[PDB]
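Below sits a lone chain in structure tokens, taken as the form solved without this ligand.
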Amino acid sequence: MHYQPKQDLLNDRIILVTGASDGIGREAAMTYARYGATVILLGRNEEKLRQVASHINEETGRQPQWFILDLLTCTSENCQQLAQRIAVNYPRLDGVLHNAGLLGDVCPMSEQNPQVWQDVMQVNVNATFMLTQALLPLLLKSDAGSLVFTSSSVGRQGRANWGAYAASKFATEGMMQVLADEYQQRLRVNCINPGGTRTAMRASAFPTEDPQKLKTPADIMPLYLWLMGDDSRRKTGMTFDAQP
């Protein structure tokens, strides 16, 4: 969207952001905080989470909490324990933004590494599901909870070389649709496709392209904001392109 919201759009909204230590997740966490949100940072790297929390505190005067979770390795019980810890400190979650993900191999199906394939599915699908499941009770405590998954163009139309990532993002669209159906009139559940954005992940899929022509995570934030604020309250079951 060319979306220009009020600077207090997310005042008194508690939003959890995964993959918050770098890339799009870091930018979304900072952006949400700049628009008034109380942000909860999830990531695998403690020192990077502490740094992001410190930066957000410098820009907002409000210090985010962070929690460690590695989606490659976490079990359901790890996710449940995390949700319990969040619930001690927070009365609800108004938003959950799933940004964490693994790209894996960009190469033909005949060459895909099966262990990498399994890991892409584990992070992007299984652990993303398990974390969602653990956080549903907190989301239901919101006046209008918003759950957002990260998708891709290759989650709508499979393309050569995109292997496990494409399969995982199709699965993500499917999971979003199941959830949107189950939580009609209860939650907003949608996907965002960030498109080609300048990130370390883009430096793997396209190791020979000029990153200078790619969009910055900051550039694609309008849609990230829109999905967490009140202007999207009447949208669920949909998948959006942050920049076609």
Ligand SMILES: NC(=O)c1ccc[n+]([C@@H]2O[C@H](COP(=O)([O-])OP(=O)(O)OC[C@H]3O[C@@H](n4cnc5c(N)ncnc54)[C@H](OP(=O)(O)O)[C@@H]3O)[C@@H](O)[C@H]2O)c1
Given for the second form:
2 protein chains.
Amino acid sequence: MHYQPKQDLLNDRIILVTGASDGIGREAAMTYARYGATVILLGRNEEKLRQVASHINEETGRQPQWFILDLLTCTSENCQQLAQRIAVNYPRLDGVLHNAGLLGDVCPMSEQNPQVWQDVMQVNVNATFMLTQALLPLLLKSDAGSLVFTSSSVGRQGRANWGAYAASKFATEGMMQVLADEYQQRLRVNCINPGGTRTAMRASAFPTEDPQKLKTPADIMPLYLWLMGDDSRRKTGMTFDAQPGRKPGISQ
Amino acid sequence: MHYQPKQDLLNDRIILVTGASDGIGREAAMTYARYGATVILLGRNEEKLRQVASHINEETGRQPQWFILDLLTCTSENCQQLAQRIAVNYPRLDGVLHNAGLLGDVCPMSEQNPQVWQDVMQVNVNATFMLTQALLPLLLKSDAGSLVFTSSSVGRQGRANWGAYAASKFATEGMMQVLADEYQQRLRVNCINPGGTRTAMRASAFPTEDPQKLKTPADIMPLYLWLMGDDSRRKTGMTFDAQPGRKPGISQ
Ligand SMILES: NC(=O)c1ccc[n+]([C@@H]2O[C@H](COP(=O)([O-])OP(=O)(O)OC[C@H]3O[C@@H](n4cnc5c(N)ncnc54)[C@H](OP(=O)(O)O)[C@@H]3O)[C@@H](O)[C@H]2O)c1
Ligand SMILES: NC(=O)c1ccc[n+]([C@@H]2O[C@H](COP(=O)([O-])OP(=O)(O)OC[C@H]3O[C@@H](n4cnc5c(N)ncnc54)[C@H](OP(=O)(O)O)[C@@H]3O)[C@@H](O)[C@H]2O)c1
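Okay, that one was the form solved without this ligand. Can I see the form deposited with this ligand bound too?
Let's see the whole complex now, leading with the same chain.
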């Protein structure tokens, strides 16, 4: 998506980003900030969140708040305590970008490791679900709350060596549609499939690949920017692609 | 699907059916038997499996073997011990129908109960995955092993009150496609979405509904029969509907 907006586009918007410590999440949080947003960072590692908060401070003069939450093991209650902690400092939430993710094994189903498989379901689906349940209220208390999940090409068509991850992204799509058709004109709820992007995790699943050939988290930010502003205030229940017509695979 | 075959159609086929104690699983197991198959019953409750085995005995003179396996709590190893127990008594497996399922809460995401949500993921996806991993070998040792999963209309498009269940069925579809494109010409791997059928579980999610209005597990057996015989030996990676053009909803 080509999309060129005012650096005040998100001026009075409170937006929580998961997986904000790295890759696309770090990028999205920094970009939201740079466009006015009052961003909240979520991750497991505090030092990594300190780093990110500090850079947003350098870039914008306001320092974002971070909260720690480990999706692999957090409980429903853990998620409610979080929402409560948030609630004191913020009147509401205008946006939630679910970006935290676990890849897990890329390998044949025969070799796919079950603990890892389950770890992937837990982070990508279950905890992602529980956190969105704990955050649903704060969001509903927005002029027009925007909720986006992170999908993938193997969340629309499963390919040979993808495993827990393909299954988890399908579930993400499903989960988005149930929420979308359920919050009819109360919230926007969509997925973005970012596409192959230059991050450590794309490296890990494609070591052959030359990252210089890949597009960059900054390169795909337009879509992220769109789904969060007002230019999208009527669109819900959809799955947007960041690199339309890049098509599956490695070389590119 | 209209499909009228020899009652020797599955004559020398070994077929394992999960959720064989009730509903569509009980039906499929009894129908396979009645068409020649050497059927293996899986479930959690032994007495309920005794009942079913005994009726197949009345109907066909051969008594099927049952094995107990509780998908909510079984471990990877639990699944391997099973496959081993099977392996002694059977040279291979010509078919595996994954039919065991958990509905979980039908209600808004806001009210969706997390333990139940996770229980549904565990049975429908995770354990279904681990059991198919433990059974993959026996299956590959077949002339043409057939593996089918059980999907649902909310595994293709998520609807308001479906929850863990919609998400789990999407994942099922994903899991089927990864396996299908991965066992290229080595196995057939498809889903059947049975459609609204007259079972206790359809009753539970649609109490308004009049079951007399519903089609019956025996009424949709053609598709089950198809996917398992030779008349389908080249089709893989697909999602077949039992009641094509019934369309979502209650009244019907
Ligand atoms: N980039 C691509 O090629 C592409 C393609 C398909 C899908 N995606 C999707 O893009 C999203 C973001 O990917 P990325 O490449 O930006 O990520 P990344 O930098 O490689 O790492 C993903 C993020 O997830 C977080 N995370 C993992 N486990 C967590 C846990 N248990 N608790 C809390 N946070 C956890 C990590 O935090 P920590 O640093 O603290 O560990 C990390 O910041 C993912 O959901 C992925 O599925 C991207
Ligand atoms: N019928 C429909 O309207 C329709 C529509 C959509 C989807 N489906 C699909 O149809 C499939 C079969 O449904 P049905 O109506 O035939 O089923 P059902 O009779 O209502 O019960 C489903 C079966 O799953 C088994 N099961 C549940 N939890 C288990 C566990 N933890 N361990 C082992 N087995 C377990 C049950 O065994 P026990 O008796 O021992 O508890 C039962 O035999 C399901 O996968 C469902 O998703 C059907």
